Amino acid sequence: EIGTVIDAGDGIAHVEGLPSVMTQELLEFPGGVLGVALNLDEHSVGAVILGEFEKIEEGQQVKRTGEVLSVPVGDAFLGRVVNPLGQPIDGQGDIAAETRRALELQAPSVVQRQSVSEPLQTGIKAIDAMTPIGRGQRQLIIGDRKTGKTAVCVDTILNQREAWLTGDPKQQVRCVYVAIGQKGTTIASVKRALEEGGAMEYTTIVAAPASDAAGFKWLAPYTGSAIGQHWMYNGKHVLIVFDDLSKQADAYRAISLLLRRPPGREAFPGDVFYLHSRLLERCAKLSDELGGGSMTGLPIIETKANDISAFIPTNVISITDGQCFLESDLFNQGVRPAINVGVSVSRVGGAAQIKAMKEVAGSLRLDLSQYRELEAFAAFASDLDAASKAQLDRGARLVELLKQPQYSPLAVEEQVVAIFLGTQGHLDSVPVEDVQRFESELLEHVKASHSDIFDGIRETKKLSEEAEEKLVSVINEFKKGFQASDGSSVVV
Amino acid sequence: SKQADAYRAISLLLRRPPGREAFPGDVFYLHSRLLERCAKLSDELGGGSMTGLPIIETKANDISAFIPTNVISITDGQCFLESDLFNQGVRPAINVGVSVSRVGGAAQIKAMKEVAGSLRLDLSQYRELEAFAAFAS
Amino acid sequence: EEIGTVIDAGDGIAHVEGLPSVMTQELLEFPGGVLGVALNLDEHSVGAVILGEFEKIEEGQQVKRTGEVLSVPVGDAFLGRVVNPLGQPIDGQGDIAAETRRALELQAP
Amino acid sequence: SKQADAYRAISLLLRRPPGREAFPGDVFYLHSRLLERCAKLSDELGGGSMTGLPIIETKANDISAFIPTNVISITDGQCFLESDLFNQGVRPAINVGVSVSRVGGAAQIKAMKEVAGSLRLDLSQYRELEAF
Amino acid sequence: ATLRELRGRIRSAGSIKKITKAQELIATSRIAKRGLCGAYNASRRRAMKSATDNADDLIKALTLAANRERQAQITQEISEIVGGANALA
Amino acid sequence: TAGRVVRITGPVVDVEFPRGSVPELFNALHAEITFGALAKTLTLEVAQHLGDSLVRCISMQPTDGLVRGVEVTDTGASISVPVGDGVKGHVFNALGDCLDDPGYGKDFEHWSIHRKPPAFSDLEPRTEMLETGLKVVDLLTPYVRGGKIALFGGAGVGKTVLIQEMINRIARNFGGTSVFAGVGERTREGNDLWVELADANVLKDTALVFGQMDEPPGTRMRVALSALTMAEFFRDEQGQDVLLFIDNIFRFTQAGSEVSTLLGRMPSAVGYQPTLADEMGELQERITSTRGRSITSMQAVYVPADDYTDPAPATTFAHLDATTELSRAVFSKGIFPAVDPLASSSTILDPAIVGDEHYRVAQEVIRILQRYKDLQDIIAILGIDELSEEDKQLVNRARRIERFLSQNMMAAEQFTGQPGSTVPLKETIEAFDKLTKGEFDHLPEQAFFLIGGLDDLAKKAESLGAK
Amino acid sequence: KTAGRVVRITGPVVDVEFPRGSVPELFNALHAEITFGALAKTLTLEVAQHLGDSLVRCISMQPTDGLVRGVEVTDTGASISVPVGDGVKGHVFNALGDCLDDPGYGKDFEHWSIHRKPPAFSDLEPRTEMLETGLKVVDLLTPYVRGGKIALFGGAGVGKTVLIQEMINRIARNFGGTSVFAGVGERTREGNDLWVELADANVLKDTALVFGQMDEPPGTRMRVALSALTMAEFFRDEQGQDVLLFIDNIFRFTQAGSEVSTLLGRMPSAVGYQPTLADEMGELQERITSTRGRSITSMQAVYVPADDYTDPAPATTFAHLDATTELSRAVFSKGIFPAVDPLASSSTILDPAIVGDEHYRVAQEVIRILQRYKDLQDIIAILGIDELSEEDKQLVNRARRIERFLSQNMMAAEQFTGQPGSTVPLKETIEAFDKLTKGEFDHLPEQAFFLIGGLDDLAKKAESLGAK
Ligand SMILES: Nc1ncnc2c1ncn2[C@@H]1O[C@H](COP(=O)(O)OP(=O)(O)OP(=O)(O)O)[C@@H](O)[C@H]1O
Ligand SMILES: Nc1ncnc2c1ncn2[C@@H]1O[C@H](COP(=O)(O)OP(=O)(O)OP(=O)(O)O)[C@@H](O)[C@H]1O
Ligand SMILES: Nc1ncnc2c1ncn2[C@@H]1O[C@H](COP(=O)(O)OP(=O)(O)O)[C@@H](O)[C@H]1O
Ligand SMILES: [Mg+2]
Ligand SMILES: [Mg+2]
Ligand SMILES: [Mg+2]
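From first to last, the protein sequence lines are chains A, B, C, D, E, F and G. So in the authors' numbering, the last spot in the first sequence is 521, and the numbers never skip. So in the authors' numbering, the last spot in the second sequence is 411, and the numbers never skip. So in the authors' numbering, the last spot in the third sequence is 137, and the numbers never skip. So in the authors' numbering, the last spot in the fourth sequence is 406, and the numbers never skip. Residues 3 to 35, 86 to 94, 258 to 304, numbered by the authors' numbering, are exactly what the fifth sequence covers, in order. So in the authors' numbering, the last spot in the sixth sequence is 474, and the numbers never skip. So in the authors' numbering, the last spot in the seventh sequence is 474, and the numbers never skip.
Bear in mind the hints are in silico, worked out from the structure with no lab data behind them. Even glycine gets a Cβ: it sits at the ideal position worked out from N, Cα and C. Please note that the accuracy of each hint is not assured.
[As the list claims (entries may be wrong)] Straight-line distance between alpha carbons at most 25 angstroms, and here's what the computed PhoX-like set of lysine-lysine pairs gives: (1) A:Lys-175 x A:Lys-199; (2) E:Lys-19 x F:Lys-399; (3) E:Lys-275 x D:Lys-333; (4) E:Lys-275 x G:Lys-340; (5) D:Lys-384 x D:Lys-314; (6) F:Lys-441 x F:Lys-380; (7) G:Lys-340 x A:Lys-84; (8) F:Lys-399 x B:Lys-276.
[What the hints assert, rightly or not] Residues of chain G clear of chain F, computed beta-carbon distances all greater than 12 angstroms: (9) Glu-31; (10) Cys-105; (11) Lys-123; (12) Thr-167; (13) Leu-270; (14) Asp-313; (15) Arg-335; (16) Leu-389.
Using the sequences plus the hints, can you model the full thing?
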């Protein structure tokens, strides 16, 4: 069966014939071009061209592969950059594919899963303590441009370095980074950041730069999802980042409009929500009978003018297992990461944290939300009561504590100790302006003199009573020698 | 409002050209035709009458929407009910400042007209003076 | 001569069948001294935007070519005169001795 | 502004999908190709020139609307008359802060330049000073 | 969302306006007979008159923005509706 | 006498039949996908009669792999689901297939998912209060036994946590059957609910029907009808009290709007299907209690973009007896449950049913909160000190009241690490009456945050040092 | 035979029917003749779509006025090509490659197609070398990248073109490589002024000008950028030069694309823009990149419609830029030049790993102070600075002084004020802003910081105002 291109243009084609073509089938156009059949009617077949559509012409012969969209999958994809078809684009040679995997495969059923119970440490105090991410969770990194979303995702990928070095498949996390509509040099810089941190040893990049046709930008998240799913169904743990899904939505809208499907809100196709939802429901925590593997999703959404009420941001927020709002106003204030505490949450909750972090950070998010509310309320108070003053001081110290620079991941034990400092009142004596330094210094002290606390937390996942008392004693002893910038003693 | 929504559904399913808020071009005609049958007949026709009390449900107290605008234009007077007054304890929560009856005193008995003459002035003046309740001195 | 026929007309627009040699942006005469500009040309008909009294345009009317591409008269005679966008005097002071005709869509320097 | 409204009417009657404020996508092309023909010809072409004085009606002094911004991006400066000054009695009601002449500095006799060069920004700042 | 935020800001500014006007009148009465004084520390009647005028200006600007957003929302809604209808035409 | 596929555009399939064999509307048709990696049996619901013996249908399963001109078999009846006590304790999809035990229930009685609502004569209003144990719900939004309850709110404000809390507080001790309908929600949430019900031994009395958000629009539209059919069988045949939980009902409307344009319908306002209110009315009027037969329905309603003026929640509002609107502002202030006391309502919150004291206390609380909301902006700009002494007292009272309306819920233990608490109605009324009288103005407002009753208030106050 | 004929003419878009088997390839250049005396010319059409039944839809590069149905259309066999080589330097070309200042020039040069694929991913290298312009605001808060992509956003009349001229004066003058300036949908008189100014400054001999201005059909307005990019790409790839590429204005390319899409019958996306907006922008931008070992330092002005930064065009353009400088109407109103929005503007190399710890610290302190000032502005508009706390009053004074000091007297601004511009070294900028943040200059009047250079000019103007 050979069809004939009856028309072409703008990355779309209409082909007559091929009566036995399947929906979403992969068609071959002359010159090695590939298309995907989306619209099927008696008149013709509508196809989206996946690349170099300038070579398509009326009357060309089109063959049907007989296979729906699928991509190669295997461990050989680690450390490689590929296009949404799995073809390498880093110029390093062929990739040995273990097997093939269709892009449209149903997500694990409600009975094939188990509750998310394993932490996925991002190394970032704010996320790990306030909006924890478990393995099998979908956490949305949403915010304006230049708010640090890619920074958060790249730091999360880098923080898996130690887990990868452990060598235990139950601990290792394999990373897939899908870049959609990104400038090529930005993808190159991301790859450089992963390589300098030795993260490409266990990372695959699916790249659909803005130069690519809308088909590649629409498919790239599904290609990455299939590549991650191959590992997930083999007992591995996968973390997948989509940067961004709004670019996917734009590309899909372009494809749908060119195919002349009736649009809806903001000219988007009626099934854009279905697109994103069925993409993101494949990130799951499989049951023990299926190997116990998981895929953790980190979709990234860019909001224009902090408008989270737009169509795609609203859909993606409603889809994921929690969101991590980043605000430019918070970013400029020095709150880095600029996570808006009141609106950011994780629906997995404490189940995604270790016991020690759960105990230290039990009510941190609520405490900070209430602190922000009180700070807004008491903006122009002429004489505050004692309880309000204490709450404001504690909240300011906590806000200072949650600040963190870029490319500076913290081990789970160090984060536990820092949050213990913050929430147990040991920072009340320290001036706000010094809190950060104090925190860091104390960690180093515990690293060089009382490392047994870190080892105990890391091996037992719990802060024992004896360990807690020793930590308090060490905190006070360090306070004795600590030098505050203002000169005030931080003892008692 | 629900009748207008149902008629809009019917019209759209009939592929009639939509306008503002997807309503057809004769939704105002729908409501005006409905509400102009409430009349006060002359004595030659028996002197009967029918009084209309249409209800409109606004969203976010938006009286400038399409159907509310049409119905406000059609009717002879409006009673605006506000949830803010309702929560304040004012119940029925009729906003006397903006509610109006173009028929006016012609629809009141003499005693009611006499007693209620000063009520409007007093309420308007009270609304003006509201801000000074803290400084009675 | 070439003559077309109005195949439909409404709200300031008309469609004329025929006129195979009509240019783009050409001026067409509809009966009663009405004028139109041919914006859309296709194998079926020509879409003309009417300029003036559109209410005098009827289906079946005979439409004639002018041979000019949306031009207007130009010359020193226009000083002290009031004209409509077609260059026709509306002050009621008689004809205007136009030096020549200039097309409206000539490129800028 | 009324030409833009008429062209929008024509385009909508042609069932051309509109954009911002229901205007077509080529309304900017309309105004820009109109105003690019007001030029100062070179001496080779005779040295003649045409000076354009397009008028635009804003709504509530909103110079950030679509057509006003288009024309501002087309023309060589604007003389923004604001209703506030006009009603106060200052006529002509030129808004000193907004009004500007991009290519007007050269086209000015020596004395006028020497006298008004300061005056311009002096009034521009004295608006702010009088704000207090 | 922008329209709702603009309406909220308009009501906020209105409440500010009434409270400032009441303070101005009370200050006038007290003159005839806290920090809301304008620049005494760096008078309260002058400061409250200025605050009420600024609130009036802010309310007018917010109302203009809200009306612009209302018109834009109506136009965009009609654009989507007519685009769908044309697609189905 | 079988048809064949003619057009395929996503979840909408056109099928041509021989003359005289055109299936009736809503009939279930079967088509086969034979592709190795995606072999399956598509179930198509006849949605439109296009003429010329063509019918437009919605696919319940994904259409990837479908081929034009393939055999389509007409079953002669609408989508049917198993009914009977056997459904209790199992998980089903929109088509009635059992998930926890494939092939189970194939022999039970099968009821068509499309049904008419009860006759107006049979309908009879319900006014009995349903005591939950949450201060805010019990006081300001009393729930009706056998009535319709909704939990409105945007994304991530606490609708699902509140649904789980109500399952814990109502279903656990329920003496009748329960039906949960997970309409277009997260699969992880479905698994969590299944495991939770199994742990609490309440699954044996509960029937679960799940249609997830990764399924085509057809499943999301018809899963609610399937669950409602099971609930209707329990109400009408078994004649026992039924608990019906739906989460999220808005997904039904959203799926309806997804296929609207693909079905040839012109879009209504806000890109909604023109038949939004009609479909909503059919589905919601099928959810009701009849004379002598009680269904207590609790529905989580998603409010798109926190916009309560959106046509979907606005249309939904008319179908409810009690509504709890969760607010993004309350949520961001850290108040949980994030109920907006001023926007909530209950048809039984009048003196005739709840009593004079309850009504008086609720109205005073509402008035104080409204006044505090009015003074919010003045406080934000000019500061509190510029308010009158009465206004300052009211502001403090309102802050304490809004903190006290918060509570530590049992279903929220995994989020705060704090065990939940339950407050009897009389204690709630007494405590809020004391609050509105200024009896606790001396205690810090922080003492009123995420506690239970007055004993917990005293414990927290003495922990903070107050008394 | 093999030549098609016109069947439909709807504005710049023309449908051409060809004999079976002779249908031209997409983007091929066809030629048609308009013979009417006034409008006589040779239309160059670009094949845009294949409509089927041997029909092709093409975009006209010249106005189609006077074109007649059924006239002969001849296929050139190749897409639009433009001259390349050192010869192009010092001459003015249009979108089609025709030399305007010397007609017939370049017909003998090598000709390159204006449609090309972007460089392969393996050939891309991130760039992080700072470009010292000499402006305080740019150097401090959004340093430019050498070999990177810089954009200037802003509404109508905020200083996009003046800033482009400033950067041409500060970068192109002392440049050992080649420059290409692409005027895209801009004022023709602005193009003439740029031509004259580059001739006077002696920079023209090293610069190639390509002008498709406002009074051109949308096809030309959307293809002139591709022509100039082709010239720049030849200079980058073949001659191994460091190429400067100035584009003014890219939003005009997007808007012309929108007009063409409307004329092509495509269904419109949000705000009436073309469905392929992001894809066309991606192609054009990704062609502008710098490859490994070969540097193109591009600088594009982006018009923001109705001052709406949420508009789809700039919204999509944002992602293609290493450095972004957003010009604000609010800043412009205050008379601050350049009218840069320090909070909105950004740069990818403003991190301590590239610009050093001191520069990053000073920039972040300035940004924090300005953000706090912006947050306070809402109370301030109502109640002056009088109700703020002492810390807030001090911060507001510091922020006002900082925002005045971010303004500068620019070289290109002399024609508007007669004041010669000033250049501030990066070290002096960092020192001065560190002092400002530390509060050392809080005693000077605000006007002392308005439109000056470094610390010496600050002292001179403070003396002129009777201050320390
Ligand atoms: N925690 C942090 N501390 C300091 N700087 C940070 C931090 N996170 C990000 N940045 C900086 O903020 C800028 C934006 O970072 P990033 O690229 O991650 O943001 P984004 O939101 O993904 O941006 P875009 O819209 O360009 O994709 C970069 O300069 C990055 O170095
Ligand atoms: N640094 C400056 N000093 C003084 N005046 C300036 C300065 N920059 C701009 N202007 C004034 O602003 C006017 C507009 O500047 P410019 O043409 O560069 O803006 P633009 O953003 O390119 O505008 P448009 O959208 O109209 O093309 C200039 O003509 C001049 O009047
Ligand atoms: N009682 C509570 N205490 C603390 N957090 C809560 C409570 N209820 C809800 N939340 C938070 O609200 C978020 C959304 O919860 P959920 O109800 O599952 O989503 P939705 O409200 O969209 O249905 C969760 O991440 C959870 O942390
Ligand atoms: Mg990013
Ligand atoms: Mg939920
Ligand atoms: Mg300019």
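Problem - Which numbered hints fail - result: Checked against the structure, the hints that fail are numbers 1, 7, 8 and 16, while the rest are satisfied.
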